[PDB]
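Single chain ahead, written as structure tokens, the form deposited without this ligand.
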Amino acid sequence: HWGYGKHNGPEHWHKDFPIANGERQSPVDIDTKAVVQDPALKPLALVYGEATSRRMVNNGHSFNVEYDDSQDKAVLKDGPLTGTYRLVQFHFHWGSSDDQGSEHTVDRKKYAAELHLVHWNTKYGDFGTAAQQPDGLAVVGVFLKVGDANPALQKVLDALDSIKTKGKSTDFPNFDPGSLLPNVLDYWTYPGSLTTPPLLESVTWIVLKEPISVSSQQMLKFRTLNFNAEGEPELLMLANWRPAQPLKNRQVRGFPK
């Protein structure tokens, strides 16, 4: 019953998911003057060479590109992390116009979209178990800044016609998730939550400082998706972002500064 409209949107999620008003909620605004250095932090290690994409799916809230996380195929290590995290899926958040859509903001600046690469700590054996633990998940966030068309990204947007409505899926093999990363991997990090229900406070957020590009024409395609299933009255997926939440006792750290 949750979504992003007037009566089911982020303001109302707390009715079914009281943790929405928790102490470690995401996204947040990254106040760059407040960012702290920490000598414990390392370079990110994105070990995506053997990444194996499987399918793309419209789940009525966004669309996900799913990865085979049966083995250590595409992993995230180092950065702020202890141990090894496996990539399970990535997905996007976007807005109804180009001036908004990112979930994290940077000194209150909003980008057109935000990509989330979701990973789980292999110490827990499976995603479901990892998801209930403070150190269980790690999500890399990447901003999409309107400008030049992005080839790579197009490679994803072309498949959207095959999954217009809720529950539809399409084969999507051999997509390199590294192709959607900036080449410089400087990051901000803070302890946070999933940005969609159930909003579990089990995420180590790693938000890249450098955006990737997307054109205005490309942004249109995200907005062609349907929230509804086929045979139901149309309700376009015009926007699917949660706004910034109170930072409360937390500090954002930056690497390398």
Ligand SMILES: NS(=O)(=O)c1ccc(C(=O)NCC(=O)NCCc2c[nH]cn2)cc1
The other form holds:
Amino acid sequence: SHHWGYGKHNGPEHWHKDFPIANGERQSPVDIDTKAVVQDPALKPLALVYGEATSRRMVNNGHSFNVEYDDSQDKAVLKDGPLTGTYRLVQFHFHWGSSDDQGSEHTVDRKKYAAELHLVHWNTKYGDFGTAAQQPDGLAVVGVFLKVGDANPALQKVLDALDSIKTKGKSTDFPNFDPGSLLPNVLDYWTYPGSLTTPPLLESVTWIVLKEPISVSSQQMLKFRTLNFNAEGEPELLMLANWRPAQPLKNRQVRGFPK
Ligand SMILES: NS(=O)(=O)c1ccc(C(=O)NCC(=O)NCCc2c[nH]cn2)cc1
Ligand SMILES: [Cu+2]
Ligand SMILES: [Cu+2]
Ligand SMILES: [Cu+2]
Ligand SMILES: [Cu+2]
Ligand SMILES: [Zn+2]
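Given the form deposited without this ligand above, what does the protein look like in the form solved in complex with this ligand?
Let's see the whole complex now, leading with the same chain.
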């Protein structure tokens, strides 16, 4: 079975063979060169309205795990920031690396964090996530860095479930998780127009990368790496790393709020 990943033969450097947009003009992630960041008075503070969020299940999809949210109504939305309109939360997931010194997708002056959380939202003007994913203003992903140092109790609630979804296709019920519990205390951000960081690599994402990381311990990072890319019965392939490296900026502009 041919499907993509982060291995020797199916990894990021190969994705362009199957998804030519991989070498497109607005790919993600990117390195954020802080000396080059532009101040734009049009940018607003982020509004993350997650009080009534309804988490459903946690799923191992064979490339990461998603905590899925009910997006049938305006229950958990993102607005303001760089955005026009309302964007509904559909899921969050993580990327990580094989050791604590690497694993974030975005980098800041070439510095890599241990992991990166992605909160994925879609523009309600399009009716559904799939339709939104094919438009330049269709998606908004909030990225949050995980910085190694101190264990994160809110994150531990997520990690406590991973033993239930060790393998590809496994899912587990995962109710009453507040995705706001994984945000930092300050919501300063960088923003730029980009893409999904995995296949299908669609150039529909307004990226909103928070400046302030949340914590994670080294012990906690071990837990991410216990997942399997493969389905049960197949040869074991540990989910040691699942990050795409920085892609060329190509004269896009990174803006910063409040500077
Ligand atoms: N790493 S990243 O750039 O943040 C990212 C990469 C891929 C996808 C994606 O293709 N994700 C499918 C998905 O989550 N599909 C939702 C299906 C759906 C519709 N309504 C409810 N669920 C989303 C985000
Ligand atoms: Cu795949
Ligand atoms: Cu391939
Ligand atoms: Cu897959
Ligand atoms: Cu849907
Ligand atoms: Zn992601």
